[PDB]
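Listed below are the residues making up each chain.
Number of protein chains: 2
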Amino acid sequence: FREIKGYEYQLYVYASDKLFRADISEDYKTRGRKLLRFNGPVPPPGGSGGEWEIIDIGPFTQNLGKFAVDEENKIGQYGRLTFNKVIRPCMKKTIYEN
Amino acid sequence: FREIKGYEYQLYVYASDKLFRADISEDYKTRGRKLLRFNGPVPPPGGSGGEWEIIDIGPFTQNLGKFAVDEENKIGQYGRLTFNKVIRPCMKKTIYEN
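Chains A and A', in that order, give the protein sequences. A prime marks a further copy of an entry chain.
As numbered in the deposited numbering, the first sequence has no gaps in its residue numbers, which increase by one up to the final residue, 99.
As numbered in the deposited numbering, the second sequence has no gaps in its residue numbers, which increase by one up to the final residue, 99.
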């Protein structure tokens, strides 16, 4: 916990006049960067703090993991994957209407 | 801010015995789900809290946005995009070595 492994940056980015969410990893030692997420268009953030909480890892959460693996298998970036389980911590963010 | 637009779930998921980070959106009204991120393998989370902070939107952050758009243009999910700007809030997470 003394040695840094890397960073993750989460951005709201306007491109072609539409708003996207993008996540970027940056390795500490090599400075190498990777795009992890780029989705939208998304609503602009409110001037107040987002609402987020850790949720349990019961059946609903396990099912989100199954969904994620099923959707990733349609993409194929990592070959054919077999879902094992979701572990703690799981986070839920609630996005409110303007 | 009274009406919910949807939720976002952030998971650590084991698939084929490797650990990935996955993010899922869930629309409130339709319950429709989308995979937004699935990357790894990633280190397992520590038993303590992750370290995260909001950072300014100066040149370094603008450059992360340019990177994100350049990388998304190599994917093409949204056509050819033109970077405009990164807006607040931008978040930085530090991932420490085990």
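Do not take every clue at face value.
Calculated pairs, DSSO-like style, for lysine-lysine (alpha carbon to alpha carbon, straight line, at most 27 angstroms) [stated by the list, open to error]:
#1 A:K67 x A':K67
#2 A:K75 x A':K86
#3 A:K86 x A':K67
#4 A':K35 x A:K94
#5 A':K94 x A:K86
#6 A:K19 x A':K19
#7 A':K6 x A:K30
#8 A':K6 x A:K94
#9 A':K94 x A:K6
#10 A':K6 x A:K19
#11 A:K93 x A':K6
#12 A':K35 x A:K30
#13 A':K30 x A:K35
#14 A':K75 x A:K86
#15 A':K19 x A:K67
#16 A':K6 x A':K35
A short list of chain A' residues far from chain A (calculated; beta carbon distances all over 10 angstroms) [what the hints assert, rightly or not]:
#17 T31
#18 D57
#19 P60
#20 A69
Read the hints as simulated data drawn from the structure, not as lab findings.
A virtual CB, placed ideally from N, CA and C, is assigned to each residue, including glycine.
To see whether the hints hold, each was checked on the structure:
Simply put, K67 (chain A) and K67 (chain A') have alpha-carbon atoms about 33 angstroms apart, too far for the 27 angstroms limit, and the pair is violated. In summary, the hint linking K75 (chain A) to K86 (chain A') is not supported, as the alpha carbons are separated by about 32 angstroms, beyond the 27 angstroms threshold. Among the hinted pairs, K86 (chain A) with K67 (chain A') is inconsistent with the structure: their alpha-carbon atoms are about 35 angstroms apart, more than 27 angstroms. Using a Cα cut-off of 27 angstroms, the hinted pair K35 (chain A') and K94 (chain A) holds, with the two alpha carbons roughly 14 angstroms apart.
Between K94 (chain A') and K86 (chain A) the CA atoms are separated by roughly 24 angstroms; this keeps the pair inside 27 angstroms, and the hint holds. Taking the CA atoms of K19 (chain A) and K19 (chain A'), the gap is about 35 angstroms. The hint is violated against a cut of 27 angstroms. Under the criterion of a C-alpha separation no larger than 27 angstroms, the hint pairing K6 (chain A') with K30 (chain A) is inconsistent with the structure, at around 39 angstroms. Between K6 (chain A') and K94 (chain A) the alpha-carbon distance is near 11 angstroms, which keeps this suggested pair within the 27 angstroms criterion.
At roughly 11 angstroms between alpha-carbon atoms, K94 (chain A') and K6 (chain A) fall within 27 angstroms of each other, so this suggested pair holds. Restraint check for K6 (chain A') and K19 (chain A): satisfied, since their Cα atoms lie roughly 18 angstroms apart, inside the 27 angstroms limit. Between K93 (chain A) and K6 (chain A'), the direct Cα distance comes to roughly 13 angstroms. Compliance with the 27 angstroms bound is thereby established for this hinted pair. Distance restraint check for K35 (chain A') and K30 (chain A): the Cα-Cα separation of roughly 33 angstroms exceeds the 27 angstroms cut-off, and the hinted pair is therefore not satisfied.
The straight-line distance between the Cα atoms of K30 (chain A') and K35 (chain A) is roughly 33 angstroms, outside the 27 angstroms bound, and the hint therefore fails. As the CA atoms of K75 (chain A') and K86 (chain A) are separated by approximately 32 angstroms, the hinted pair breaks the 27 angstroms bound. Taken as a hint, the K19 (chain A') and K67 (chain A) pair is honoured in the structure, with Cα atoms around 14 angstroms apart against an allowance of 27 angstroms. Between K6 (chain A') and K35 (chain A') the CA atoms are separated by roughly 14 angstroms; this keeps the pair inside 27 angstroms, and the hint holds.
The Cβ of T31 (chain A') lies farther than 10 angstroms from every Cβ of chain A, with a closest approach of about 14 angstroms, so its non-interface assignment holds. For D57 (chain A'), the non-interface assignment is confirmed: its Cβ lies about 12 angstroms from the closest Cβ of chain A, beyond the 10 angstroms cut-off. Listed as outside the interface, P60 (chain A') is consistent with that label: its C-beta sits roughly 14 angstroms from the nearest C-beta of chain A, beyond the 10 angstroms cut-off. For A69 (chain A'), the condition that its CB be more than 10 angstroms from all CB atoms of chain A is violated, with the nearest at approximately 4 angstroms.
Violation of the numbered hints given earlier is confined to hints 1, 2, 3, 6, 7, 12, 13, 14, 20; the remaining hints are satisfied by the structure.
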